[PDB]
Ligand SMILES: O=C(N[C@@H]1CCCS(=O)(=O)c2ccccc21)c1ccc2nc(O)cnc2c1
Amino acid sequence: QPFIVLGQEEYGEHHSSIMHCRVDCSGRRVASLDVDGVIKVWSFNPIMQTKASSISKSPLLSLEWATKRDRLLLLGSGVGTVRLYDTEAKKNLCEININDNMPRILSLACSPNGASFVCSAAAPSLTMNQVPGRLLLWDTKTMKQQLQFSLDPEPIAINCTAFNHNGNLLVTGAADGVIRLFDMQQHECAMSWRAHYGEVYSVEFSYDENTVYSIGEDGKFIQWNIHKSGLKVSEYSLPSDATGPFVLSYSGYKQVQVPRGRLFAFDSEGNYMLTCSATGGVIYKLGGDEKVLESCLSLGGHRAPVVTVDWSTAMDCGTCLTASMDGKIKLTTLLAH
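Form solved in complex with the ligand: give me this chain's structure on its own.
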């Protein structure tokens, strides 16, 4: 027992499958988005209560908290817009159009220092996600686009983005299975490699930033050497219910969700990793020698597939979010022993 479970509550205000659920930078608020475009903002400590609720007219694909004003939330649409939402005032501060042919704002990342954000903007899916896309750098003070990064060999949909701790690096994963690491001072690709067969779904820097972790359509979780391009440190085949596609099956009818939100999350020091499963979050210890990753804690509590997760620590206490296709979000409190 490397953690103690202080409890597990349920936030049940969403009536459709969850797309995203992220804890804010203060560690006090959750922003969750379902597939019907409903955005909810809610606290949970010490009880669950809803601070804001709204139906988007436009489809919403992405969500990201601002780093230097806890209350601000970036939202990316399926109609080529990024909107800044004030969760305190409960109104949009602005909405910027992407003057382009790329309506799907698949990913948003706010820089740690608060001065910039990036978004990915992709062409429509094919009647596959092997479609063009762009990666945009913005200035947060003006909320204007500053530049877009060229993608090698071709424009491609970027699914996931993450900054390192200082913000000088940005790691991305794309629909072509390639990870691209950007130097955000020189505005160039410092490094790229083929990571997965099929799409990359999530990317993250290790706590120490000597590696990046990725998870992709081939069901692999891989850890890469950040100093040597494409060199693996470790590799695991996760259970297929870690990567989906996620299926909720009356008869005849089924719902199918491909990974869109964060598939993995980490404790504050990057020693443990939360993943999706059919019945709840499954936590692994990182850094082990074992050739097969063994589950060290199963949070359970779900009656439908978990499709996205988060893990936040504040006041020296961990909060795990697990979100499922029935729209339920379990919030599990963990203290480290």
Given for the second form:
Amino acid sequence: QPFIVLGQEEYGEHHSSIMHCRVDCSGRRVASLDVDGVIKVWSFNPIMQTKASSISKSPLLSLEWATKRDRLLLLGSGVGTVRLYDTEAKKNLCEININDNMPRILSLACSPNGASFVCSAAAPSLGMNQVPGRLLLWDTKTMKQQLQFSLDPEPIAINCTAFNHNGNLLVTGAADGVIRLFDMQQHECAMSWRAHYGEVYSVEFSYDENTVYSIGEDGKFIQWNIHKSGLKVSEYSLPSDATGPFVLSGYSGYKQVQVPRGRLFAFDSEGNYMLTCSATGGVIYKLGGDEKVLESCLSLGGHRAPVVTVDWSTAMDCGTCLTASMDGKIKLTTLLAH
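Instead of the form solved in complex with the ligand shown above, give the structure for the form solved without the ligand, please.
Keep in mind that what follows is only the chain, not its partners or any molecules around it.
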């Protein structure tokens, strides 16, 4: 009832499992990256147009739109670098050298203030991703590491990050199952708590920013009160195919497995509904307070392979859901809110 489905288009220029798929801040562009290192920046309004295409020689692991300077895409490599890419010039601006011995740039967050980004730099894998890592605030226009955050008790691989609206707060999820909330000028975490028995895969502030959501390897979707140090507000057990591991199998004995690496859950413009992954397509839940189960209010379908990452772009009261799957296909479902 709340959403009218107007159509579903397919972007098919990737030929490998998608790793990231994110709409820019304007809503007009998508950046998507597959496991074979191919980046596509493309439009869908008014036509599905591949605005740019790169093939990275080195592995790429994370992707993040700039907020102030939209048309800038940040790309975290597997060789300790962060690339700033100009999506309107179709051109690398620079490659910032982050860290020598911790090369997996697992997560990137651009500050809304436009000057800095936080990134996650993890040691190589091999429970394979409970290895150490760094969380660094990098100041782009000074070109130096402004701050390193203390990851108590031991350094740990940070999977996922998200800024609050003014850029003073960063919520993070680590391989050890802990949420850590950091003040952007205290190197000590302002707050941390055990959140999942397993890795935290995605984190996000609620719309009003008085709670944070996490999705974890233990299969649970939990809302936490950040005014009372991660007091569980609500808890839900999502379907098994919302957190994977995501597996594409064939008649040839050849199987692909992918652990959550990308965006696992996405929200409409004010946080009433949540897109998630499934084996057949995106599943949209309402987020009202039944508190025992989430009501599945819409299902997008359209995929022959498991969906591993999602995104939800809102403006116009005209939402736009992206669902990306292991066959490399990206489906774009347009909704109208009522």
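The term rigid core refers to the maximal set of C-alpha atoms that superpose within 1.5 Å between the two forms. Only residues modelled in both forms are compared. Positions refer to the first chain, counted from 1.
Only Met143, out of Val79, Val233, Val258, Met143, shows a C-alpha shift of 2 Å or more between these two forms on alignment of the rigid core.
If you fit the rigid core between these two forms, you'll see the Cα of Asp152 move by less than 2 angstroms.
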